[PDB]
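Colleague: Spelled out from the first residue to the last, the chains are:
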Amino acid sequence: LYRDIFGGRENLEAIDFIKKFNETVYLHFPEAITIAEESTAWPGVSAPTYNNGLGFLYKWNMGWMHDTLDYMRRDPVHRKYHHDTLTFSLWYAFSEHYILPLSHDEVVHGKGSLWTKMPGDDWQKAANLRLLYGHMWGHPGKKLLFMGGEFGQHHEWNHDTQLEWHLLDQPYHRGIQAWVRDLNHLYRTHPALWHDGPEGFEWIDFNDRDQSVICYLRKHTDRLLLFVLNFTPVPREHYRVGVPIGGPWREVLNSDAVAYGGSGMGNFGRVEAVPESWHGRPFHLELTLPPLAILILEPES
Amino acid sequence: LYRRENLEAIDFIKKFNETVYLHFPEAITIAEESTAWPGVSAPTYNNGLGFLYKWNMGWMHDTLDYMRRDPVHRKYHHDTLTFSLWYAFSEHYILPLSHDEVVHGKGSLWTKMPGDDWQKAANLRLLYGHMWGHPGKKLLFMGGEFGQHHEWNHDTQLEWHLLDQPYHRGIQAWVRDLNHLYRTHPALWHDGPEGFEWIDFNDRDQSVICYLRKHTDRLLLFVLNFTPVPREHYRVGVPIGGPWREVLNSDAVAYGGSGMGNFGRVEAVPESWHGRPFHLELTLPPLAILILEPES
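Protein chains in written order, with the UniProt record's numbering: chain A, 311 to 314, 324 to 620; chain B, 311 to 313, 328 to 620.
These are computed hints drawn from the structure, not numbers from a lab.
Label pairs and their computed distance ranges (CB to CB): (1) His598(A) - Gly439(B): 48 to 54 angstroms; (2) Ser620(B) - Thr406(A): 39 to 45 angstroms; (3) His539(A) - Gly599(B): 28 to 34 angstroms; (4) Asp529(A) - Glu521(B): 36 to 42 angstroms; (5) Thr435(A) - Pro594(B): 44 to 50 angstroms; (6) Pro601(B) - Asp403(A): 28 to 34 angstroms.
We treat Cβ as the ideally placed atom computed from N, Cα and C, and that holds for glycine.
Using the sequences and the hints, build the whole thing.
Modeller: Put into structure tokens, the structure is as follows:
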């Protein structure tokens with residue numbers, strides 16, 4: 311787009336090439352997909368040419384990737400002080416049709432494995448990585464994950480080497496792979512996650528900075544999915560979260576389940592909603608938040 | 311006022341009231357007027373007759389008619405009970421239960437209440453409780469405080485012997501205790517529209533009324549069960565949360581009651597009821613009035 324009377328840094332040649340590139344593809348292939356990674360805040364990368372966009376269908380949410388990763392290397396003791404980096408991502412989550420992206424670029428050149436990036440001991444590293452993926456799947460936008468991130472590989476990605484598949488013998492790595500498997504199953508089945516527009520996202524609570532917890536909602540039409548995230552290894556008991564609908568609520572996924580390698584703290588399936596106001600909501604669920612865990616909950620149907 | 329209006333008399337009444345308060349600024353004049361003549365209690369300078377008080381004879385008729393009715397049937401006459409409050413602030417009123425109601429075959433207040441003796445005593449204790457809660461001052465003719473059987477017979481003395489028997493001694497205790505509540509709490513001193521707020525009035529099936537009587541800080545909550553059936557898990561909305569006390573229960577055994585009660589220590593639950601932030605989960609005694617205030 312850029313090159314570094325006219326004095327213009329924008330390479331206008333290329334911008335028309337990109338625009339005529341994208342136009343031509345969809346004309347000859349109406350069902351193709353074009354994705355761009357653009358690390359500037361160039362507007363409307365994912366926008367149609369007739370609105371002066373670059374004409375891509377998808378743009379990498381590299382802002383999200385940076386913010387999320389920078390937030391999760393910090394130690395939970397310090398996460399109190401960087402709460403805004405987690406919450407602020409949504410502000411820019413809708414300017415483009417976006418793919419949340421974790422890629423080779425971030426797991427090379429001394430930047431360290433995704434697992435390596437996460438702080439604390441081995442259980443906490445697995446917990447942190449399980450949470451990162453949990454919030455990543457809950458966060459609006461499509462999903463991309465590079466090889467080896469799915470089991471939480473220790474080593475940086477080396478092209479001269481094959482992934483450390485031997486790590487699949489260790490339980491935590493197998494649990495991370497199962498967590499991702501289970502995440503994709505929920506993703507494929509619950510349409511509340513299909514719509515990454517402002518439609519599909521509602522905040523439940525973002526103001527718990529001391530305990531570093533965030534609650535948000537994902538909703539297409541009638542269906543809704545509740546996300547409660549504990550970003551600290553300290554378990555939370557009798558934590559109330561406001562909800563729109565009353566009645567029995569189901570626990571659809573628990574990051575801390577033993578099947579994923581977790582402590583196993585959870586809410587045992589059914590939680591009953593209390594017709595008492597919380598977070599500006601008519602009802603609320605009083606839940607137990609496991610250490611460094613993401614909880615996905617559904618009203619019962 | 312009439313004979328159509330008699331203006332001779334109307335100017336006379338207006339000058340009577342004008343003169344009294346001039347020579348005796350702290351006197352009280354009360355009027356009984358059996359038509360819907362406006363501004364009896366209003367000052368002459370506003371085209372009123374200049375009285376300080378009016379007997380609420382409308383209230384008395386509606387109230388007595390409602391309680392003459394059986395609780396089984398009170399369902400179909402709920403509006404007679406609830407609608408007294410549309411006309412309750414038209415004048416400065418005194419709720420009235422005079423001698424004129426206990427003569428000429430109209431029957432003692434006791435005789436008027438339906439059912440067996442317990443229900444008769446219960447009904448009268450309930451009636452007075454509601455009358456003390458309803459906006460307006462209170463007037464009770466002698467012998468009503470025991471709920472005496474016989475009509476007022478001036479040629480004899482009241483049946484004080486009934487004060488030995490339980491049901492009538494209980495009603496005398498109830499009136500005394502109601503009078504204690506009245507003087508102690510200012511929430512009942514202000515018979516203004518501001519003083520009264522509805523809690524619930526649409527329970528026609530179960531024949532229950534919940535209302536609030538207010539002055540500033542103070543609130544008094546009145547819950548009334550007009551059927552001989554105890555009600556359990558009956559929730560009543562309230563403005564304030566926290567501990568609530570049971571100040572009075574008509575059904576206390578000391579009054580001749582069954583004794584079903586909340587007996588104080590009632591904690592508000594923050595669940596919306598009756599369009600209110602917090603709710604009380606109570607037991608409604610038979611044909612009884614509960615009076616509750618927030619604990620302080």
